[PDB]
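S.K.: One-letter residues, chain by chain:
2 protein chains.
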Amino acid sequence: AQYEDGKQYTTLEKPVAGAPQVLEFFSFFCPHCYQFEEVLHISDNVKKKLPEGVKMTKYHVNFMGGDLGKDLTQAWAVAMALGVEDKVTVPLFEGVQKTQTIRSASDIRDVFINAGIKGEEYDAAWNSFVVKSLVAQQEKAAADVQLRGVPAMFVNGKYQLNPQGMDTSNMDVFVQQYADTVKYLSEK
Amino acid sequence: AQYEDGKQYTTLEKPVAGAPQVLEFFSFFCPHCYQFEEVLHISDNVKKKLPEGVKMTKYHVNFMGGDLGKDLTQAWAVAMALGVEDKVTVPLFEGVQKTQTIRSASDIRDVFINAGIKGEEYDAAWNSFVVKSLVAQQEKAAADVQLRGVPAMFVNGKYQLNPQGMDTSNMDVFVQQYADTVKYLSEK
Ligand SMILES: Cc1nc(-c2ccc(C(F)(F)F)cc2)sc1C(=O)O
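Residue numbers (the authors' numbering), protein chains in the order written: chain A, 1 to 188; chain B, 1 to 188.
Don't read these hints as lab results, they were simulated from the structure. There may be inaccurate statements among the hints.
Intra- or inter-copy, both count: the list cannot distinguish identical chains.
[Claimed, not checked] The calculated EDC-like cross-link candidates involving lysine to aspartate or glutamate, where the alpha carbons are at most 20 Å apart (straight line), are: (1) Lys7 x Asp67; (2) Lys55 x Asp172; (3) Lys98 x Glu38; (4) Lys98 x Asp167; (5) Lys98 x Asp86; (6) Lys188 x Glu52; (7) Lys70 x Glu139.
Here chain A stands alone, though its shape is the one from the complex:
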């Protein structure tokens, strides 16, 4: 791999200060986001190659979800607040897109309860100031990088991953090129 601005990544005209080191955006409605997370395991594969100390951040957005989309963003805030992202990401993606068992906020709550989060705890977090702030943070971060679509990933508020210019003849190779690019950018 030979890295060039415009090839594996692009450079934001307006860099974001104080941005997370590695910031990924997604939506539980987004088919290619399902592909990224549930099939390719982009987040996990990127994390595996990240330099020690560099943490990953993942935010939910709402391009095609209406009110339910907003519920999902707030629920993702709850997942972050409780630190249970690795417990609810799979049943949320599956429930929305595959089994079609997630149709409302109540169904989202049921997913957390089934994953081991007590209903009272979910509700406390849901109505918490921490989650209210996390919802605002997700929205602001999207605005800051002038987010146009998902999935997307940004490194140090400066660089935007560009998977269009990566090898896709093989999904295993794509994942490695993608993850290697994040590693490279994080080291810049």
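Since chain A is already given, all that's left is putting chain B with the ligand on it; use the hints.
M.R.: Coordinates of chain B with the ligand only, in the frame set by chain A:
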């Protein structure tokens, strides 16, 4: 429901003569269209609510996806001509938006093959004047209603569905309101 023009539906300025009773437009590149098919099953649920004998028509549009977009419109003509819409809708949607493995006309052809359509039969259809006419029909129909985006549904060439004005907190409530609006308009 209190139906109001501008809320659940809009009224075309110049209604289309001889227009299909129920006419849907979509694109395989269209994210809400993907949702309308896989998660909400709008067409199925509208059909269920309408009387037996109301014709539903669904056309593909050109203005998403560049050259592959035109190819998909021709491919949808093939599907209509062969009567295999239900065999190819999901793998076309997922090939375009989920796995992104549909990149050329050849990839579209592969989907039809894998869905059981004999290759020689696809090719004969692809190059047929019956299909050429169906492509023209889809384009003319969109032009007749001055189509600006997808998804879109028109009733009796008079009214256009307005999902933006509907409740989006619960998927099944949205589908119910959508289908109920179509029935209301059909009886107007
Ligand atoms: C076509 C469309 N469709 C929308 C939608 C449909 C269903 C739902 C939910 F299922 F979540 F209820 C949300 C948004 S918004 C929308 C638009 O063009 O504004």
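S.K.: How would you label the pair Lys188, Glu52 (within, between, both, or neither) given a Cα cut-off of 20 Å?
M.R.: Within one copy only: 15 Å inside, 64 Å across.
S.K.: State whether the alpha carbon distance between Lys98 and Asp86 is at most 20 Å within one copy, between copies, both, or neither.
M.R.: Both. Shortest intra-copy (18 Å) and inter-copy (18 Å) distances satisfy the 20 Å Cα cut-off.
S.K.: Checking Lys55 and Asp172: alpha-carbon separation at most 20 Å within a copy, between copies, both or neither?
M.R.: Close neither inside one copy (23 Å) nor across copies (38 Å); limit 20 Å.
S.K.: Is it within, between, both or neither when you check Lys70 against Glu139 at 20 Å Cα-Cα?
M.R.: So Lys70 and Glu139 pass the 20 Å test inside one copy only (10 Å; across, 35 Å).
S.K.: At most 20 Å between C-alpha atoms: does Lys98 with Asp167 qualify within a copy, between copies, both, or neither?
M.R.: Cα proximity of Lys98 and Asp167: across copies only (17 Å, versus 27 Å in one copy).
S.K.: Between copies, within a copy, both or neither: which fits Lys98 and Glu38 at Cα up to 20 Å?
M.R.: Classified as both: same-chain Cα gap 11 Å, cross-chain 8 Å, threshold 20 Å.
S.K.: Classify it for me, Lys7 with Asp67: is the Cα-Cα distance of at most 20 Å met within a copy, between copies, both or neither?
M.R.: between (35 Å within a copy, 17 Å between copies)
Hint 2 from the earlier list is the only one contradicted by this structure; the remaining hints agree with it.
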